[PDB]
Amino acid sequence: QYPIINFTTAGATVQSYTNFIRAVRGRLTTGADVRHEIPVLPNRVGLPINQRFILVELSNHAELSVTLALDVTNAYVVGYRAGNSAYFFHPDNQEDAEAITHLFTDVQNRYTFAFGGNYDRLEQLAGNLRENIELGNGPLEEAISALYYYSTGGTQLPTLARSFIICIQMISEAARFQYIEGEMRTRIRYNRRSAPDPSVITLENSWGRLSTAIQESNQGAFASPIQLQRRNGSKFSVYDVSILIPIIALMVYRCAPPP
C-alpha cells in the first residue's frame, strides 16, 4: 500500500548500495522543501496516512527477504515483515499505534514489541554498544537472516536487537547522512566489516539537534554550537550550516520555512 525500494546484499557493490540509498531518499521526501540545499522530510502534523511510510525490501544470497517499514517523518524503522508475519516497535501514542495498523494489512500474524527502537533500548537488549557492533555487507546479510529467523523462533532477543542496530544504521542513518552512506560505501569497497567510529556515532546522536540548528539558523550561523567528533575521537564545534551541507542529506521538519 506504500512504495517499495529493493536491495540485495548478494553481490552488492558501491554502486548498487549508493543507488539504493538514493532511491530511499527519493521516496522519503518530495523535494519541495529544501533549505540550505538540504531536503526536509514531511511534517508529521496532519500528514495523510497514504503518505506516511515507505517499504524497504532487503534480500540476501540465501534467498531470505525481510521488508522494513520506515516512517517518512524521521526516516526511522518502525517494524518489518518476514513472509506473512509482521513485527512492530512499541509506538509512542494512539495516533502512531493507529498509523501502523495500515502497514502490511494482508498480515494478520502481527506482534508489537514491548520496547521501542531507540539505540539506548536496543543496545541494552543487545548487550553491546554501537561502538562494538560491526557494520558492512556481511553484517547486513546476517541481520536480514536474524530478522527473518525471529519469525521461525530461531533468533533470541539480543541478536534481534543487534540486527536492528545494524539495519537502522546502514539504511536510516545512511539515508539521513551522506557521510554515513560514505562510511558504508568504504566497507563495501574494501569488502570489510568494522564498528562505527566516533564521528559516525556522534552524528547519529546529533541528527535532531542539527536539523533544529539548521532550520533555526539566522545568517547561516547556529544560535549555539554543536559538538561533534572526528574519526579519531577528537571533539570540535560546528557554528554554521555551510560545512554540514555535504554531510547531511535529509533533516526532520522543525518549523515552517522563512516567509
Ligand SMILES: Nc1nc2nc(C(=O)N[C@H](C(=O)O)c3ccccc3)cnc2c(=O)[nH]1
Given for the second form:
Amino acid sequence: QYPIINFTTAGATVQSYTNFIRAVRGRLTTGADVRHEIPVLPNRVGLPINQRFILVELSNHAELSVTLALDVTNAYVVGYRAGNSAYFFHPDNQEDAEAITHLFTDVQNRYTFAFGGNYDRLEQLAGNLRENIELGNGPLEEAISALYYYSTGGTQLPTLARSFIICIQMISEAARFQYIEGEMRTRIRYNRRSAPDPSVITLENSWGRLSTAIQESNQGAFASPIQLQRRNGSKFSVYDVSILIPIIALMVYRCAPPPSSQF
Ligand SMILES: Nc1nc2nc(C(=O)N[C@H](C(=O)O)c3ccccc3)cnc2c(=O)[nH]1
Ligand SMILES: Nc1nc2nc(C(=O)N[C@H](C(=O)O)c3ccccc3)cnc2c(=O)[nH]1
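For the form deposited with the ligand bound instead of the form solved without the ligand, what are the coordinates?
Let's see the whole complex now, leading with the same chain.
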C-alpha cells in the first residue's frame, strides 16, 4: 500500500542517484506546505496511518535487496526488511510504536531492536563517529549486503550500526539537504569514498533548529543566528532563510505558518 522507490548501487551514476533522491522527496512532501520556497514535510498531527510511510527498496551489485521504511513527517528510517525478516529501531514513543505495526505485515519474522535509531546511539554501537565513517556508492553497496545478511549472523553489530549510518545519510539526509545530495553526487561521479566533512555534519545536526528558525522567522529573518561550519571547519553564521534556499530541500514541521499582512 505504501509507495515504493527503487535505487540500485549497481552501476549507479550521478543521474540515477539524482532521479532517486528527487523521487524520494516527491513521495515525502505533498506540496501543501511551502515556506520561503522551501517545502515542509507533513504535520504528524492528524496524519492518517495510510499516508505515514514510504518504502525505499535498495538493490546492489551483489544481487541483494533490502527495503527501508521512512516516516514521511521527518524522513526518519524506522527499520528495514531483508527477505523473511524485518527489523525496527526501538520506537521513541507510543504513537511511533503503533505506526510500525502497519509496516511489513506479510513478513515471517518481526524484530524490534532494544536500541533507538538516532546517530548518537548508532555511533556508540558502531564504535565510530559519523566523521570517521566513509560515504559513497561503495559504502552503500557494502551497507546493503550487511543489512541483508544480519539475520543469518554474518553481520556484526558494529557493522550493522555503521551500515545504518551510511544509509541514513545517503538517503534521508540527502533528501533533506540539496547540499548533502550534492556531496553524495560528487562521491558517485568520481567513485571515491570519503567520510563527511564538518559542513555535512553540522547541517545534519542543525536540521531541526534550521527548520524551526525558518518557520518562526520574521519575514525570513532569524531572531537568533545559527552557527554552521564550512568544509575546512570554520564558522558560518546564518541570519536568514535566503542563504538556506540552495542548501535545504525539505523542513520538518515545527509550527503553523503565520498569515501575511495586507499593505
Ligand atoms: N534512524 C534514523 N536516525 C536518524 N538520526 C538522526 C540524528 O540522530 N540526527 C541528529 C544528530 O545526530 O545530531 C539528532 C536528532 C534528534 C535528537 C538529537 C540529535 C537523523 N536522522 C535519522 C534518520 O533519518 N533515521
Ligand atoms: N517514527 C519515528 N520517528 C523518530 N523520530 C526521532 C526524532 O528524533 N525525530 C526528530 C523530528 O521528527 O523532529 C528528528 C528527526 C531527524 C532529524 C532531526 C530531528 C527519533 N526517533 C524516532 C523513532 O523512533 N520513530
